[PDB]
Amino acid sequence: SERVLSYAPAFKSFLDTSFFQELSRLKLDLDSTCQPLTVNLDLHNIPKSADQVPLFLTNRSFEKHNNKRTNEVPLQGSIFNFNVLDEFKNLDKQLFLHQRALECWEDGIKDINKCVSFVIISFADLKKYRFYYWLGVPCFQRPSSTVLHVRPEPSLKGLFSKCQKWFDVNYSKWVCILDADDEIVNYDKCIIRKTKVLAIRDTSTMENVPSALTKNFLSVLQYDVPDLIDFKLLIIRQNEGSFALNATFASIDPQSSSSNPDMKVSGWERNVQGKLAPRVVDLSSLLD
């Protein structure tokens, strides 16, 4: 294989004004609070200038759940809100995202379609209606040593178009494979060990660059099928840009035998400045 696969940020957050408002009616004083959140992803209608699907948060994200099909894909996360700004700032973001990634890992080895999530950390100044937030999207490579060599595949797909439709129907699934009859089915380690064709539901629109979530799914694949070296990886998008890759698991600075696999984690969203730092929104208009 020619190139070492690189990745694109998974999502771009947008916290609608209704999000901060629902927040103000679901926060307390206690030093923090964790609330579960659900966002429905629309991978069919992505703004033209976007590089990834929006993660669009609203008042409804706090609720029990209404998606309007097909391919709105529900994504679970949570918000961790701090009573005081100093604790928001003092938080170790790396150790924090690392847990979160571990949860995705544990979920993922039980069901590969569950190894992706998002977290928002925040501080709401409910007096000055200013909100500080930082979206993190746990993306992990375990072991941290694994990279992927790729070269273009002309197609040998399930045909992209059959994958597109399969994902539309199976809205809770992020992964599908081909069986021996070259039929798209749900992920099964026994089947893929033999047929070696994996399709991932991509959230990037960047040309020839898959979403960073890809690392999560590959980590699970490499755990289920430790002997897999070469396989075919289909990056499925609902637009024009699906593509296919010949993939080889490779390794950089590997770790000793029967030592326990560490895990490299990233996924904190860059702010408007393009920097790794929180975002701030001031809603003074929640008085006048």
Contents of the next structure:
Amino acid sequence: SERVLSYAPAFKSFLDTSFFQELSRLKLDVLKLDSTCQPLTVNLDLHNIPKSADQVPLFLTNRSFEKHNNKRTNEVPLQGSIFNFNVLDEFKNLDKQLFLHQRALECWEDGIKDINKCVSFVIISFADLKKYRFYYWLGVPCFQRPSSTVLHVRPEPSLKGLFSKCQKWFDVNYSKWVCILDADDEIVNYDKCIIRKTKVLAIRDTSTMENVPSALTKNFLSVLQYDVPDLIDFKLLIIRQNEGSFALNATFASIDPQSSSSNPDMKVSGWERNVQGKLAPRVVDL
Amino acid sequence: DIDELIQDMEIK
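Next, give the form solved in complex with the partner chain, keeping in mind that what was shown is the form solved without the partner chain.
Once more the chain from above appears, this time first in line as the rest of the complex follows.
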């Protein structure tokens, strides 16, 4: 009955025509450069996920490039960036693992200051304005640090009562990805001194796959383990805005750990799969 | 050569 936790892809991309139109404007602005990197923002809607989708879509438009106050109620802002190559060869030859790894390290550095900031996304692109074809690849850095850490889990029915409280807490606290129980069983913001004692953590989940949490869970668990290095057993609530929230009795375990007091490494995944289900770029024609 | 490019960029 005790399983090694596995995960689902955190997001699926949809880049609207207007995104590529706006990218085109951007590229024409920096035609003489090898590349540019620009910030993006998307507002995630976790209440209106298609019944047939497996996770939250990332719906990108021209407005994603801008600092709009266009957020609707309960939407979760997510920050990322687009790295656009002006030469297709550079796009092709970019070492994708090293690149996503570096994005993960930034999430990590943000995460240890604030667990709620250890999530982001990146788009790498090449815009062929001659053929009006756009190549892009979404990456969502999901990391396990140290790379040796895994989680043993088994179902925990008893915590079903907390789900609606978390659902509402998350709706209101739109900038938060994590909450925990305090000593009075009330939901509060993550605080390492408190969870160390109460050992109940809830995560805002972006997947809809039955009983399989989003790979972003690894980011949060990594920060948790850094903050509370001797935490072993705890309860993990996976909170969704549909009926599919679930709870796990969790235990940190390790495979092939590094010697204590070495610089812990990290394992990183999160490149989006394409139309054929391969780890490869997507292509769009305008 | 779209199909060729995508194949060359596939990772593991």
